[PDB]
Every structure is written in structure tokens, then in C-alpha cells.
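Enquirer: Below are the chains, spelled out letter by letter.
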Amino acid sequence: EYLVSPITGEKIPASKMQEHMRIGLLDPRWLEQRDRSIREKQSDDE
Amino acid sequence: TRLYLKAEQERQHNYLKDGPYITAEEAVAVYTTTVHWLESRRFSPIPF
Amino acid sequence: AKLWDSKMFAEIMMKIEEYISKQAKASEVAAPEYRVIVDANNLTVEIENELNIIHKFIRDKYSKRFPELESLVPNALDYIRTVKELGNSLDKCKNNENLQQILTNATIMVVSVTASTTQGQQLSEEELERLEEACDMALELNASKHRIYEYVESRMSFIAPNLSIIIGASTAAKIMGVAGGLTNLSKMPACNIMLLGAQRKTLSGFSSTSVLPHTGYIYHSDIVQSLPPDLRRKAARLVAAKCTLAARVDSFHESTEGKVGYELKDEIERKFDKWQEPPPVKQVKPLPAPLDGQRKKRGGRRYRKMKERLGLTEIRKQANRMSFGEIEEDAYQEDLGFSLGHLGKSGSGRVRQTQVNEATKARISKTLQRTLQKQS
Amino acid sequence: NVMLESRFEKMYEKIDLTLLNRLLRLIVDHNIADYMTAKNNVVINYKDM
Amino acid sequence: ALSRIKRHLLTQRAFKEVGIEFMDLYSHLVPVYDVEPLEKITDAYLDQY
Amino acid sequence: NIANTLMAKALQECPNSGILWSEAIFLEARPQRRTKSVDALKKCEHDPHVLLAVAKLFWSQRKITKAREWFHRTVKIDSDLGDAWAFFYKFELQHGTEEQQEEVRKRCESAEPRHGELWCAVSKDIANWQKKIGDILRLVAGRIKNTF
Amino acid sequence: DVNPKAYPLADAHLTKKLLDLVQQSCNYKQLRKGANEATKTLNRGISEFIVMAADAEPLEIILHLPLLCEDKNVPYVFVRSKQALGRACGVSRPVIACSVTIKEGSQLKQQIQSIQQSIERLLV
Amino acid sequence: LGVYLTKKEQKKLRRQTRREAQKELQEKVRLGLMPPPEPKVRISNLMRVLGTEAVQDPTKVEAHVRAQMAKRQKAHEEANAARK
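Chains as they are written, first to last, in the entry's author numbering: chain Z, 409 to 454; chain R, 780 to 827; chain Y, 52 to 80, 86 to 432; chain D, 974 to 1022; chain C, 877 to 925; chain V, 794 to 941; chain B, 5 to 128; chain P, 436 to 519.
If you are wondering where the hints come from, they were derived from the structure by calculation, not from laboratory data.
Examples of chain R residues lying across from chain D (beta carbon under 10 Å, computed):
| hint | residue |
| --- | --- |
| 1 | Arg781 |
| 2 | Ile801 |
| 3 | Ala806 |
Heads up, simulated DSS-like pairs for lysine-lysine below, C-alpha to C-alpha not over 30 Å straight-line:
| hint | chain 1 | residue 1 | chain 2 | residue 2 |
| --- | --- | --- | --- | --- |
| 4 | V | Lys938 | V | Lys917 |
| 5 | B | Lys20 | P | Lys443 |
| 6 | Y | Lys422 | D | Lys1020 |
| 7 | P | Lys447 | Z | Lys419 |
| 8 | B | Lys113 | P | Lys442 |
| 9 | P | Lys447 | Y | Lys430 |
| 10 | B | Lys33 | P | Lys442 |
| 11 | B | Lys37 | Y | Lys315 |
| 12 | Y | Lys430 | B | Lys33 |
Incomplete in silico selection of chain Y near chain V, CB under 10 Å:
| hint | residue |
| --- | --- |
| 13 | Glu104 |
| 14 | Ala235 |
| 15 | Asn248 |
Idealized CB from N, CA, C, for every residue including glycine.
Using the sequences plus the hints, can you model the full thing?
Expert: Quick look at the structure:
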């Protein structure tokens, strides 16, 4: 089946709808937070 | 504090496993004495 | 009357249906066996109803002798056994070896204590013999119920395979009998299955949590009891939901082998493993480095409110001012260090009394307001 | 004239909750007695213990 | 507050965990119990009554 | 089961029916007689048959004080209605004292505000109406035509 | 098609109205989610119709709902997707059974009768 | 057919859109595209933002504040009328 996106205005397969809503609104500041959490982790000493 | 709490856990487990340590005869004697005392003094129970 | 009519009904049921159940049980040692399961599930309900009637009659008859034991012993079968053992003679209540099995040691003290201060008069010979015959009938009905439950346990490998896979056939039989049969248990919501066979145990001084309220066969089943006590209500809920799913599957005789039963049992085990999983590695947060320099902080309505709440108040300004040379009498006995200062004492320069800054009022947190909304 | 001064060694730690509940029901409302004896049966906590 | 107190007296039989510390008198340990303030109000009113 | 289906259809088409709801209480099995069969029922209406049914349910649970309180409430809210007097008398004889039973019987005497149509209520509710039942009453010529 | 035991199975035109009315009832605090709550509503005699999905994994865990609906004289209809029913219920998780409940003075009453008539037309 | 995003999902979408617009404005102000925002002043706010200049020319300050208030109201009514 095919469904219209309430977040993107595009047609998507019905099987990917749950993941499409789950990752179509992944807040980009989450990616920023993960980036700054990994940048500090790499620079950490022993 | 840690030692006393470990001992208290042991004591509570002993009470739970071994049941009440007051025999029914002793409890009945205590309760009867209290009842007789309250009846003698004419004590009205404290209401809600 | 009602005691005799119930006896006639029990005899009529045992003559035909119980005999057929025994014959079907001993057969393996045009007359199918599914109808035998149906009429056995009817017998358990009939026996429960007539046992409730018998318990009502026994309680009514015994309220003349000991009118409190019904509240002290809430369970019907335990009440019947206790009234059978005690009877009119309450003198033998001391060191009742025969009562330790019927009642726990917590309520044995309660019944012994209450029996010493009971106003109920002794029964008569006719009342005693009627009560004894009623108790004997109740125990006979209980034995018949145990036999029919044994038969249902034997047949659960054939009637309810998925539900017997998820939970043991003993718990399977005990929930199927009390629910009124496989169809009635499958038409029952998952929240009502966990409460099947939940005896309203009377809290004997102890808290309600110690008595484990709202607990049934599922909770006391083998898989749920194989969990730490802090993780047993969640296990009971999950097992009840999966058992409801399995029962709904079985009521239509689908998945006879038990593919759905295993597909649910293995995910139950997976959830149990996930709950008991060791906690992951969490990095220790080091203390923040000591801070030097200037950091710009905003100001506004929030900052103004915070400063008003935290800033010095006039009465709290007078509190930390002590007159020089004017020795004051000690105010608070428990703490001699405590002193009002210029508050209420001459020399403060204020003719009128300082008023309370209402911005420093103490009030509950936001989340503590939420609890009050869930309490009233 | 003989005077005996003594103390009940572990009265606080040996007050049976069921017997205390009965003795309280003797003098106070059974709801109040049940509340008090249930309050005396709670989880004692300290750090990780 | 009085209505909440009476409701707790009637229907409340389960309570939250209470913390325990020990006052060190250097000769023995005196247990000290921290109860929830919401239950503390009810217990204090019950004691006074 | 067919009786249960018919009762479900009847309640759905005719809600707020005191007698229908009171009888539907006793169609349902004992585990579900309280939590769902009588709670939403008391939510729906407060018919004299409803209060009588609640008192009967409490009596079947051997809650004597609750049963007596609910029977007194039923009598106070509506007297000579729903034939509750027969059940009240039976319950008082079974559980209440002889003095209490005698007092209840005396209160069940014929009076315009209380138990004036007690026989009529019994005939209407308990279906005790008969061809000779009306003739047995004072209005032998009159109540016979009214009664079945 | 995919599931033969599913009956009655609503078509594309009807399932849109079913899901829209389910969402509207959710907005009016008139919807119950899950097979257990649908069963509870049917027992309590508060549901006027019941919807469920045709793609439940056993399909026998919501198959008692048609029997209970016939017992309680409540219309029932099946849809072809659990995820869409869950979304119409306002829940991210898939829902395989939803109930619409009787309310006093509700403004959804006319749509309720319209959908019940369509559901009855689907059966037989 | 169409799908209905849940209430939490609607809240997330609205919050993300508002944050996107806010970041757009902030980066426009950073690079000097738009003038930096002026403080929003109402009558009760007049003595906090324009306090020192409202003692010298009180009525000019009042007129400026009320002009700002009207312009804020002017844009709202203009948007409502254009959208209608």
C-alpha cells in the first residue's frame, strides 16, 4: 500500500510508515548533541 | 549502620519465616488482662 | 431446606456428570470427550455456587456461637474447615495443631484472642448436628472439585494446548475452572484474568502490601514466582496478557500443536531476561572545573522574580542586626545561639512592626501539586 | 524495703503487630488501629540497603 | 487538610518507604526515621488527637 | 445465553428501565454482579426496584448492615413500590432480631404514605396477581377486575 | 483477499470514514483502544460499534470480539491495517481493536448512526 | 488513504517548525540581514525599557511606545485581513 506523508507531502510505502514518522522528525539538535558528546569522548585522556 | 541493618534484616526474616513468637495462650492471657482492666476502669473506646 | 436442596442438586450432579468424568479419566488407563470437558467446566461453576450457598448457611448458623470469625477468616473453605474443627467447644483453641494447617499463625492468634472475648452463646444439639452435616457436605464438594480439577489438568494437554504451554496445567486448570470454562476465560479481559482466584486476605495489623493484594493464580504461578519480589507484579501483568491471548487462540481450536503458545512463551522469557538484564556501563561525570572570569546572565521577569524570592527582606535584614552593648535575654531555650536581633527589640529604629514579605512564602513544588491532584 | 529498678530490654523491637493491633482496637477505633499498625509496617531504607 | 487526613485514616493501609539514619551518641546508636511529610501531617494529627 | 442476548437487546433499546436492570443484575454471574452489573446501573437510574436489587445483592453477599441500610433507604425513598416489603420482611426474619422484624412488620401496615398499596405492589411486581387474588382483597368485586 | 476469516472487511471508501470517525471520537474522549478495552466496553454495554484490524498475528485474539458483539447486539467491522487504525486512535503503536462508546449529549451521534448503518449493510 | 499523526507527534512537528523559524531569524540578525530586534514595550513595560528617557520627554516616549503597540496590532490585523 501507499500513504501520503503528513510531515513531508510525499507518497511512501505503507510498510515504512512507522519508521518514516519516527525518523522524519528526528530533531537535528539531537544530532548536534550526539556530535558534541562524541567530540569530547575522543579527546578524553586515560 | 550497615552491620545493624544487616542484623535487622536477619531478625525480620526470622520473624517472617518462624512466625509470631507469642504463643496463642500468652496472647490470650495478655488480651484478657487488658480487657479486664479496661472493663474495670469503664473505658469508652476513642472514636474516629 | 436450602441445605437439603443443595445436597440433592450435588447428589444429582455427582451421580451422572462426576461419574462420566471418572469414567473418561479411567478410560485411557458417539460419546466424545469435548462435551465431558464442557460439563466438567459446568460442574466446577455449579459446585462453586452451591459451596457459596453452603458457606452462607454455615456462617449464618455459626454467627450465634462466634459472630466474628467470618471477618477474621474471609475465605469460604477456610471458614468451613475452621468451624468444623472449632465447633461449640472453644476451650481447645489453645495449641490447636489441627488449626495450623487451616489458618496461618498470624490469624490463629487473632481468632484465639477474639474467642476469649466473644458474646456468642453456645449452640444446641440440633444446630450442632446440622452445622456438622453442612461442613461434611462442603468438604465432600471440595474433594469432588479437586477430583474434577485433576481431570481438567489431565485433559489440558488436549483442550487448551497454548495456555498450558504458557503456564503450568495446574494454574491452567485453576484459572479455567474459576473463570467458568475456556470460552468464558477467553471472553474475559486480560486485566481480569490476573485477578482470578484472588482471596481477599485480611490484613492482620500489617500493611496491605505485605498481604499482597490483587494477587491471583497467575501471580502465584511458577513463572511469575520465579522472579524477584520487586519484579512480580509486572511479570503477573505480562503473563496474564499473554495467557489471555493464548486462551483467545485456543477457544477457536487454532494452533493445536502450540506454535502460538511457544511464540508467546519465548517472548515472555525474553521480556523476563530484559527486565533482569545487568545495568549498562555509565561514565562517571567529573566535577566541573573551577570557574573564573565573567559569564553574562540574562535579566527579566524570571530574574526579577528569582531576585525577589532570594533577595534580602526587611525583616530578614533586621534579623542579622544585633544591638551593641544592649544584652538581651535568651529567647529560644533549645538553641541559645538563636536570637531575633533588632526584631522586636528597641533600637531598631522602626516604630511599627515589620511585615512579612509574601514573596518569600513557602509553597509546594509543581510535581507535588500533581500528586495532590491524584489523591483527592 | 526492697526497690527494683529495671527496664524492658527490647520492648520496642518485640511489639507484635497483630497483638498490638488487637490491643489498639480494644481502646481505639479499628480503622485507626489498623492505620497505626500498618504505618508501623513499612520499608526501612538507608542508602543502598 | 482535615479531609485528606480522615481519608488517609480510613482507606490508607500502604505507605512509602521511610529513610533511617543513626544518631551517634558515641556510646550507642539511636535510630532516626525520616517519613514523607504528607504522611507526617496525618501521623502528627493522629498523635495529637 | 439466549436470555443474556435478549437482556442485552432490551437494555440497549430501553435504557433506564428499573425492573429490567434489576433483573439483569441477577442474570449476570456472581463475580460480575457488582463491578459492572450494578455500578453503571446505579449510574443509570434510581428506581425503587433498583434499590431493592442492590439490597438483595448485598444480602446474597451476607452484608447484613449494608443490606438493612439499603432496605431502609428503599423504604424511605418510595413505600408500597416494587414489592420490596416481602423481601425486607424475609431478610429481617432471617437476619434481624425478632423485635426488629416485628417493628418492620408494623411499619409495613396499611397507610397512604407507607404500604397503602403493599398488596397491589406485590401483585404488580412479584406477579402474585390472580383471578381469586383480587377477590381475596377488600375490593372483591373491584380489585378482581383490576388484577389478573 | 489476504485474510479470508476477516469479516466483514470494509472497503477503501468506507475505511476512510471509519478512521475519520474514530479520530473524531478520540478528540471527544469517546474512544477505547485495545482488544481488552473493547471487550470491557462490550461487557458494560457502552460501545455502540467496534472496529478491528484484519492483520493481527494470530487473528484469534480479536476473533472473540465478533461473538461478543453478536451477544451484546453491537455492530462490528474489520479494517485491513492495524497501523492506520492505531494512527486514527492517536497512538503511535498499532491498534488491532478500538471501541466507540455511548455518551450523553454527544455531537457525534448522527455520524455514529450513519457508520452503524453502513456497517450493518456490510454484514451479509 | 491519509494518515493521522498523533498529538505528541503534532507537538514535535510544531516545535521543530517554530525552532526552525526562530533560528532563521537569529541567523538573519547575526549576519546583519535584518536589524536586531527591538525590545517589546507595553504600558506596564514603559518604565523598565524607556524609564530614563520618559522623565525627560514623557509624552514623546508614550507616543513612541503606543506607536510600537499599534504597529504590533497593525501587523496582526493586516495578516488576519490578508488571510481572510
